[PDB]
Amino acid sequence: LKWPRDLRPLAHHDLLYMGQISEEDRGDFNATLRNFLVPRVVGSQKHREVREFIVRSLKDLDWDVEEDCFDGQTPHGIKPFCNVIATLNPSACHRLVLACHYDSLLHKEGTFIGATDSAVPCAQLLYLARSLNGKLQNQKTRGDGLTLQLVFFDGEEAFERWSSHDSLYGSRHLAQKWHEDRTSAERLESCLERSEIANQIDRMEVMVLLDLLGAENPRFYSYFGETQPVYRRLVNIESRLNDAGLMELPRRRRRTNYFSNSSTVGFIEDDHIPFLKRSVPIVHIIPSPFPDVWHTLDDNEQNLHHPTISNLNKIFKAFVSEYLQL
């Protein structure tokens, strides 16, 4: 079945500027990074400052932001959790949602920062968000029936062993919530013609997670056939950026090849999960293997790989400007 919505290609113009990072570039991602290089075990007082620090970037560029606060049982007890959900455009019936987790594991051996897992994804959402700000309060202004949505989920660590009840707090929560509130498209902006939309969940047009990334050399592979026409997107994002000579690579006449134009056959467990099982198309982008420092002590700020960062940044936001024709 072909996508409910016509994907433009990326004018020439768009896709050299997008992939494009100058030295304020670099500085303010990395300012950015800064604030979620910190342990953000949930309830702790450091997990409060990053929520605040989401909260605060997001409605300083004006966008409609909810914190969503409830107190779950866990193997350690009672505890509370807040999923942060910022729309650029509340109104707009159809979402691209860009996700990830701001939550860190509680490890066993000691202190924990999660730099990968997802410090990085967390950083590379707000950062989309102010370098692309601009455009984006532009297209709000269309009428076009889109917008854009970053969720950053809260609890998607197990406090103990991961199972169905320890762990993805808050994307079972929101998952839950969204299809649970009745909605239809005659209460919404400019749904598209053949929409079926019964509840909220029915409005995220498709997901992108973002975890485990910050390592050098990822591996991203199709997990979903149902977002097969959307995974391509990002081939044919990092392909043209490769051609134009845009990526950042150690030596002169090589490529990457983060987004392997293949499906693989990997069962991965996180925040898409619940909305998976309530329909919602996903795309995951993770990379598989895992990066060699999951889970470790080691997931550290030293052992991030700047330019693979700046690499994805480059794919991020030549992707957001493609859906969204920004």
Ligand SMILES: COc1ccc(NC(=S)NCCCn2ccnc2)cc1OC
Given for the second form:
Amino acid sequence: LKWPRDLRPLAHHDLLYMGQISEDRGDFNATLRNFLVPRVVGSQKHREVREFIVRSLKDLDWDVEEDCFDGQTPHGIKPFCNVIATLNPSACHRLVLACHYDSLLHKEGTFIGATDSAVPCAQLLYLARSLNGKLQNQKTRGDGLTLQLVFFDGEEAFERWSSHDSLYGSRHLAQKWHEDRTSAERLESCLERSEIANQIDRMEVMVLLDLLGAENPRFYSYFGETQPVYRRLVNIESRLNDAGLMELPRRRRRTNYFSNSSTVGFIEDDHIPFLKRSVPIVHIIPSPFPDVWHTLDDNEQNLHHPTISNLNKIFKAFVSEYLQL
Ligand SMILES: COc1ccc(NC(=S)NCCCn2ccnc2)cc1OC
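Switch from the form deposited without the named molecule to the form solved in complex with the named molecule and print that structure.
In what comes next, the whole complex appears, and the chain from above leads the way.
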């Protein structure tokens, strides 16, 4: 049916501003350097990455919560901590942007997972920092909508991927939020026709970023439910190219990352436990996966920086349009 929130197209002025990248490049890369380290569950470096995310966002005055638990894995008992940052906690509805911050425990050697998902992690923090002034202003409106960032732990399997060996953080969080009962009267400015029975119902849409940072990603609409949101991404990308704001190999090329079609493809990722509970999902993951996927070549040098800049523009423009920044 109709998307529950009427989606006001970004004014041209705001598109142009959101599509300028300065020192902006430099800020993003400084943030990204913090994630370009092996961050296997249980490791000191995983703890330091978690602490980095927490601190970056508390420094921005967001409410930051940690959903920590121990879970049984094929390698024994393991500590997991999801990181959840919420710009305005009392706001009824959340635009949720997500990724995972653990890296695969690769048996062949040290695995950085630069695309998987150091880049998405950085892009989330970079969004919060670069939009901070606008976000802090949006937060005072009392409009019932806010931004939330979720950095999932334990997305990767320890051994062969299975329903029980994967998605530890997201399975746990989806459950916890689902059983956490609330209602519209308890919350600030829920939309009129809202059915809120628990926390999971406040996730207006979850936008899941995964495997980003390689050249020329090809995205598709994986979910009919979120097709009106996906199309804003298509449209935004299109206007940025019209504006001449996309970095390309040659003059007169256009990016076409967001395909205006849909694929029949099923990808298991951190969205799955939320999908089962009726959260609308936009799955921003390329198909095919990057060539470096789950190989030791998923490292800093194999990242494509102009694509990353282009994506950052699309995401900033998108969040600006959704929250009307
Ligand atoms: C090599 O190409 C593929 C291999 C496997 C699958 N199918 C699934 S369900 N993979 C699990 C995805 C979870 N995940 C999260 C982060 N990194 C991986 C699809 C692929 O290309 C479309």
